[PDB]
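> As a plain string of letters, each chain reads:
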Amino acid sequence: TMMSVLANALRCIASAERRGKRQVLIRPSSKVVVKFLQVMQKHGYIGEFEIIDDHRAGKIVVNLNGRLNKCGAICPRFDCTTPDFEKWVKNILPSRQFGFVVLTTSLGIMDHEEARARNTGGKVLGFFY
Amino acid sequence: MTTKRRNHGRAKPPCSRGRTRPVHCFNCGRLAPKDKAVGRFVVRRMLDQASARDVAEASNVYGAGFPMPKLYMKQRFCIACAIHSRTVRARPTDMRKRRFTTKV
Amino acid sequence: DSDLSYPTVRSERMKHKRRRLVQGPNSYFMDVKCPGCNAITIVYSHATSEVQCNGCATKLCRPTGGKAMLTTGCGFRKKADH
Amino acid sequence: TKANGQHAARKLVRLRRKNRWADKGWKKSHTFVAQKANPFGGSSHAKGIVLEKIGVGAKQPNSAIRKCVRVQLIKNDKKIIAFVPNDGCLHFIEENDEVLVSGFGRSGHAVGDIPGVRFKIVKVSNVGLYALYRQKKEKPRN
Amino acid sequence: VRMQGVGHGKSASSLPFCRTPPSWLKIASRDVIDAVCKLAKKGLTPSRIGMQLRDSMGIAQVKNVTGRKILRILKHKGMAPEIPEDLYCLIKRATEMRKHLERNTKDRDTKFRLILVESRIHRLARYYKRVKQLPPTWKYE
RNA sequence: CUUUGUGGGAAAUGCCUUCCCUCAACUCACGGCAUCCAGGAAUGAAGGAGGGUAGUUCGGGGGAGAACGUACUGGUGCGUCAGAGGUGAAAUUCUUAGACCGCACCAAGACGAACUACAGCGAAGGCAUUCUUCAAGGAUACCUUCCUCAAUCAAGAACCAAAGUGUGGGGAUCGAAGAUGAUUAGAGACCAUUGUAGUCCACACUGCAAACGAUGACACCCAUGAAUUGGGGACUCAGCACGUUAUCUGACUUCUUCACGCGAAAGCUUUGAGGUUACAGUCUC
RNA sequence: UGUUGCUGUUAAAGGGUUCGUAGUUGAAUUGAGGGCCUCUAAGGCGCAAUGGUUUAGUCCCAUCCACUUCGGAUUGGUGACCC
Numbered sequence: 002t003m004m005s006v007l008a009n010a011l012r013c014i015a016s017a018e019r020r021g022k023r024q025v026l027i028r029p030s031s032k033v034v035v036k037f038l039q040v041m042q043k044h045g046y047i048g049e050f051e052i053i054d055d056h057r058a059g060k061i062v063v064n065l066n067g068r069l070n071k072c073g074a075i076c077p078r079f080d081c082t083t084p085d086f087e088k089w090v091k092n093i094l095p096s097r098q099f100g101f102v103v104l105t106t107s108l109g110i111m112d113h114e115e116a117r118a119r120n121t122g123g124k125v126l127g128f129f130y
Numbered sequence: 001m002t003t004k005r006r007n008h009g010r011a012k013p014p015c016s017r018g019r020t021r022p023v024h025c026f027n028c029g030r031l032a033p034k035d036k037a038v039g040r041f042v043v044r045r046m047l048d049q050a051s052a053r054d055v056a057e058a059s060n061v062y063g064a065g066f067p068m069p070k071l072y073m074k075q076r077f078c079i080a081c082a083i084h085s086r087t088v089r090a091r092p093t094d095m096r097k098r099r100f101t102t103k104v
Numbered sequence: 005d006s007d008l009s010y011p012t013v014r015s016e017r018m019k020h021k022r023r024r025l026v027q028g029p030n031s032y033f034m035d036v037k038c039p040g041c042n043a044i045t046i047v048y049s050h051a052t053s054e055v056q057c058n059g060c061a062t063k064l065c066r067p068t069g070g071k072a073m074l075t076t077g078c079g080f081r082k083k084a085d086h
Numbered sequence: 002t003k004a005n006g007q008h009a010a011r012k013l014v015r016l017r018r019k020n021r022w023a024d025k026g027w028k029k030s031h032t033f034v035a036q037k038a039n040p041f042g043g044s045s046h047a048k049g050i051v052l053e054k055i056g057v058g059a060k061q062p063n064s065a066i067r068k069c070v071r072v073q074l075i076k077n078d079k080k081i082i083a084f085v086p087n088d089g090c091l092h093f094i095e096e097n098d099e100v101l102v103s104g105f106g107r108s109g110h111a112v113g114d115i116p117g118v119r120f121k122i123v124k125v126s127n128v129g130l131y132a133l134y135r136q137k138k139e140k141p142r143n
Numbered sequence: 002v003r004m005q006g007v008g009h010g011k012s013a014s015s016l017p018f019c020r021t022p023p024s025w026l027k028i029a030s031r032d033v034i035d036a037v038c039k040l041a042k043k044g045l046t047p048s049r050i051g052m053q054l055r056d057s058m059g060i061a062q063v064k065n066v067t068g069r070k071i072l073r074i075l076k077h078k079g080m081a082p083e084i085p086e087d088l089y090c091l092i093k094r095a096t097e098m099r100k101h102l103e104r105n106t107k108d109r110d111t112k113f114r115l116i117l118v119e120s121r122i123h124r125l126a127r128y129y130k131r132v133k134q135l136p137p138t139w140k141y142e
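Protein chains in written order, with the deposited numbering: chain e, 2 to 130; chain T, 1 to 104; chain S, 5 to 86; chain M, 2 to 143; chain R, 2 to 142.
Please note that the accuracy of each hint is not assured.
Looking from chain R toward chain S, a few residues come up when the C-beta cut is under 8 Å (computed) [as the list claims (entries may be wrong)]:
{"#": "1", "residue": "16"}
{"#": "2", "residue": "55"}
{"#": "3", "residue": "58"}
BS3-like mimics (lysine-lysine), calculated; alpha carbons at most 30 Å apart, straight line [what the hints assert, rightly or not]:
{"#": "4", "chain 1": "M", "residue 1": "37", "chain 2": "M", "residue 2": "25"}
{"#": "5", "chain 1": "R", "residue 1": "42", "chain 2": "R", "residue 2": "93"}
{"#": "6", "chain 1": "S", "residue 1": "82", "chain 2": "R", "residue 2": "11"}
{"#": "7", "chain 1": "R", "residue 1": "42", "chain 2": "S", "residue 2": "63"}
The set of hints was computed from the structure by calculation and includes no laboratory data. The C-beta atom is built at its ideal place from N, Cα and C for all residues, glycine as well.
Model the full structure from these sequences, guided by the hints.
Set out below in structure tokens:
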């Protein structure tokens, strides 16, 4: 089976992006997968997306503008902290300039940049370039 | 080691059988799997052309009267067997991959 | 232009019900008339078992697994899926 | 591969503890059979009493004769061979003289063209043998 | 994937995309209920109750034309079986294999199958004594 | 003791009313009042698992019982007469006490050719005459059922090619060991004629294979073309069977124009060794 | 020794297969609200008005008739649509 929802979604996006395809299908939907997409659509990396309803589990559909290069998943959801933002941001990303790690917090779902700003660490979620 | 042949010299595909019955040779009595073994179909004459004339003379109810029968057989050979009578020969890379199916 | 979000008609004629966008039902109902009287009785396209009425020993449907084979001489009206 | 689970820890630990026994660079440290085997006890040097001078051959690609010394060890009562590592200083070693003994280079493999010998004689009678070779000191027979 | 042994199949039954009752079904909750319980007294399992209903009466789902499905009906009227459907079936198949094997001890296939069916029944058992639906002293044999 | 299908017809300012006047042996309309008596408020039904039903579905799947086929070997009878076996050439070997050979018949044991395939089924090892019989398995079809029952695995359990071991039955063919003749400088050699164990079956052990796809298991994404194998979709074992066009799900594989990519290369390609230094789906060895 | 950050087709290395406990890992749902005023803040696949002779168009029409691949014609025409 699949033991991470995110992993199932963002291996469709990455593959599709490397083939230059301008839409992708996503088999499941979660409250979580939504939030992840939302982020990247603000910062300009996605055109739009639709959630469709089968009344069992939804099928997300996304429009890629080709502005992504990867969307990963950090699977164990390891604990990152106020000092350790530095660590992750160096090690898994090609840059500090345009690398975006996305984290979970009690507050919501947000970029590392906004995480530091509000001074709360948390468990990591995923990342994109 | 190196995969010289994809099908391994067999008409047996991976992940299906893994066992196909042995079959004797009409040369040396060697056994090999049926798929490996080298099939040919002979259609062997019962008379040479030269002699066919002479016998068809003395015939009235045969030859002219009915076309002569032939001995049919299937011949399953071993690898070594085939090669030595040069009915199968080594081929260059591009040609080895070619097949002619079961047609002659 | 083609879209994943809103698919084309010709494409989704083909697809299996487990491969569909919606994943709806692929079956429908029918009104089979009992020719041994006049008794209108609902019957299901993939009945997958015989169905009888007291107006027919002519039966209605055969049990066969591919879809029902309805008895000859019987009036068929096609109800909608929806 | 490996396990990425949160509570996966103990499987990881026990995996490493198994696979370090396939390393010889783990054994050489932790195991005391290695220590025992080494003729110095794993000490830097040891002293010994010269028994006999033994002429030793050489391997096939380089034909030579090599001058070696059969020495006995005071510490453990083991016998060992060692090489005289200067030109014409076989003289300065004599029988029943105390002598020091060292390793040389790689100490798990024998040195080229002298099989079985990893051991070179640094000092004779606590005098530097190099000092005798390139004259500064003279050997005591005192 | 198939639980034990090889198999991938996609043979399945979907749902309607309309969860409200058809216009050609004018039958009320009560009629549906009555039909279920009536049939049940013959000793029919819920699986065949639903089949009888859908085919004859055109019922879309029991759940669509009543507020509850087939077991909930039965339970409330005290006709429900105390041995779940899936468990019972396996035990029947099991015993029948054991007949065949009693006679034929050279039969390789049905032996291996019985081993499967056994451990499968055990999984069910274990389940239904966590989620109480059998006594907590239940065992296959 | 009509009409009796249902909307239709008439008439109003889609709706009302009148009129036809609501069929499945009880169905429709109205009334008495007599009864019985809490019960319909639940998330959903995962291209996640289990179960049900159906096509007399699908298949060298498995067990049992009964027949069938020639051939090999041997025996018997009817005939012929001198060589026959066998090899590179020979010899061992068999023959007037009639071999070889031909026909007929019988005995005993094994096996099921061709058809038989870049096909099928089984968890793997493996599996091929026909008829009957017993219990299964996979695939498909479904608006049936259950509602998280799952995935993978130290421990533990079951199965497992051939050769081997125990006991009993059988012993045609082939055949390790052995014997004899060649070949050779030397030769149970490789070859030839023989021959024991074994080869077969029943009940026990053994679990040792290149048991290989040298590719662990489950899950997601991933393109080009043409086929094949099953199911589904558009009188007499018979509202049948096959084929063509098109579609779909499930299996095995080919492009000897497989796309991207990967790899040291050979090669691998929805069927991964691809999606991996931009290094993290899950588990285990 | 590769948790961060290893490899196992052929180079050292996937267990002959299956079942299966400890152990490890495990799908989706409950839902994170709104209005009035200012702001040239943007977009508009909404829209009353009224503008535009080809100072910009296409359908219809007019004249030809050209067997068939010419056209122009004005107020054309609440038409279409454009700033």
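> Next step is simple, just say for each hint if it's right about the structure.
Going down the list of hints, with the structure as the test:
1. 16: Where the cut-off is 8 Å and the nearest Cβ of chain S is about 7 Å from residue 16 of chain R, the hint holds.
2. 55: With Cβ-Cβ at 6 Å, under 8 Å, it holds.
3. 58: With Cβ-Cβ at 6 Å, under 8 Å, it holds.
4. M/37 to M/25: holds (16 Å)
5. R/42 to R/93: Measuring from Cα to Cα gives roughly 21 Å; hence the hint holds.
6. S/82 to R/11: The hint holds at about 28 Å.
7. R/42 to S/63: Distance of about 25 Å is within 30 Å: holds.
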